[PDB]
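Encoded as C-alpha cells, the following chain is the form solved without Ceftriaxone, with no partner shown.
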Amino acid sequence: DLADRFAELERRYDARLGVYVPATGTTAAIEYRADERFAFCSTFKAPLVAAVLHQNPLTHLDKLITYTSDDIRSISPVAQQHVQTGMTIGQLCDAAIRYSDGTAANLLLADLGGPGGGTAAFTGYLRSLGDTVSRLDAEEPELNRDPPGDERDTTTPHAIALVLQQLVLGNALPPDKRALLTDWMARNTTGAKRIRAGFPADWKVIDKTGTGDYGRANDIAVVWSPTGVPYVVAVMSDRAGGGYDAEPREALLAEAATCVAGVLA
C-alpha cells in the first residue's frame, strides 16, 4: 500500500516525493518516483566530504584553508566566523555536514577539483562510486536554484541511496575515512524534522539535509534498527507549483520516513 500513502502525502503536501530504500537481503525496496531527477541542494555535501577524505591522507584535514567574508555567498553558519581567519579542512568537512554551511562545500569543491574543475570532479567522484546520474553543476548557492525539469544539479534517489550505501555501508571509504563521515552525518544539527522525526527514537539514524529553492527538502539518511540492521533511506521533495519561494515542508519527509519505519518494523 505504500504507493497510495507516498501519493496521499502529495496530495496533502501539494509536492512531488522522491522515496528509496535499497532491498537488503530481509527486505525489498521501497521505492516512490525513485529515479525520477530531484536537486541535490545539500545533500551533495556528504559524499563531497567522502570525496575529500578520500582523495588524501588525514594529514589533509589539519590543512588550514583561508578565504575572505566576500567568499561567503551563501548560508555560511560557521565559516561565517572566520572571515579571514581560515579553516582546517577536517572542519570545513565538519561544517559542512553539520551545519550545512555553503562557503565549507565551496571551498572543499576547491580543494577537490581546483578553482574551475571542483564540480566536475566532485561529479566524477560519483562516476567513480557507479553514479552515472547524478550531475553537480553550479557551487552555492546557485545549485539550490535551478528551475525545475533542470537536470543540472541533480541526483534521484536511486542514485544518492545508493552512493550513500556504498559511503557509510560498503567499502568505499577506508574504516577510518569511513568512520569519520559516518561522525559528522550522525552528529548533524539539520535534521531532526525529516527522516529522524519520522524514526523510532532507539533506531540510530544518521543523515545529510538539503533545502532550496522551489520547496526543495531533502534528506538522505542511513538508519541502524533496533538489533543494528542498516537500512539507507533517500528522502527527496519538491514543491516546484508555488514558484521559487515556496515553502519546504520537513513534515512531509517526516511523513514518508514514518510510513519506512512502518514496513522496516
Second form
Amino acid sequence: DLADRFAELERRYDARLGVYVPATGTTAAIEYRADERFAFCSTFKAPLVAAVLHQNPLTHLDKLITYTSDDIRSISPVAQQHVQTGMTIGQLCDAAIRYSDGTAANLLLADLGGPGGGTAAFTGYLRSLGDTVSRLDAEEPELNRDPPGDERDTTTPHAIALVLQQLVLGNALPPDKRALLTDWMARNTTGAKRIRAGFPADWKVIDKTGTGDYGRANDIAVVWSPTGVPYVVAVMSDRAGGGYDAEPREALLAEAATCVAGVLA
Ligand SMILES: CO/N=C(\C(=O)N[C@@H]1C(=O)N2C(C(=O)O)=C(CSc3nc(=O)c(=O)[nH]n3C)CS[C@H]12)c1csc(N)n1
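Okay, that was the form solved without Ceftriaxone. Show me the form solved in complex with Ceftriaxone next.
Zooming out: every chain and molecule, the one shown earlier first.
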C-alpha cells in the first residue's frame, strides 16, 4: 500500500516526493519516484566529505585552509567564526556535514579539484562509486537554484541512496575514514524534523540534510533497527509548483519516514 500512502502525502503537502529504500536480505526495495531527478541541495556535502576523506590521508584533515569573509557567499554558520583565521580540512568537513555550512563545501570542492574543477571532481568521485546519474555543476549557492526540470545539480533518491549504502555500509571508505564520516553525519545538527522525527527513538538515525529553492527539502540517512540491522533511506522533495521561494515542508519528510519505518518494524 506504500504507494498510496505516498501520493496522499504528495496530495496533502502539494509536493513531489521521491523515496528509495535499498533492499535488504529481509525486505524488498521501497521505491517511489526513485529514479526521477531531485536537486542535491546540501546532501552533496556528505559524499563530498567522503571524496575528500578518500583521496587524501588523514594527515590532510589537519591542513589549515585559509579563506576570506568575501568567501562566505552562502549560509555558513561555522565558517562565519574564522573570517581570516581559516580552518583545518577536518574542521570544514565537520562544518559541511553537521552544520550544512556552504562556504565549507566550496573550499572542499576547491580542495578536491582546483578552483574550476571541484564540481566535476566531486561528480567523478560519484562515478567511481557507480553513480553514472548524479551530477554536480555549480558551487554554493547556485546549486540550490537550478530551475525545476533541469538536470544540473541533480541526483536521484535511488542513486544517492546507493552512494550512501556504499559509503556507510559498503567499502567505499576504509574503516577509519568510514568511521569519521559516520560520526559526522550521526551528529548532524540539521535533521531533527526530517527522517529522525519519522523513526522510533530506539532506532539509530544518521543523516545529512538538503534544502533549497522551489520548496526543495531533502534528507539522506542510514538507519539502524533495535536489532541493529541497517537501512539506507533517501527522502527528497520539492514543491516547485509554488515558485522559487515556496516553503519546504519538513514534516513531509518526517511523514515519509514514518511510513518506511512502518514496513521496517
Ligand atoms: C541558496 O541557498 N539556499 C538555501 C541553502 O543554502 N540550502 C542549504 C541546505 O540544504 N541547508 C540546510 C540543510 O542542510 O537542510 C539548512 C537547514 S534549514 C534551517 N535550519 C536551521 O537550524 C535554521 O535556523 N534555519 N534554517 C533555514 C540551512 S540552509 C542550507 C536554502 C535553504 S531553504 C531555501 N529555499 N534555500
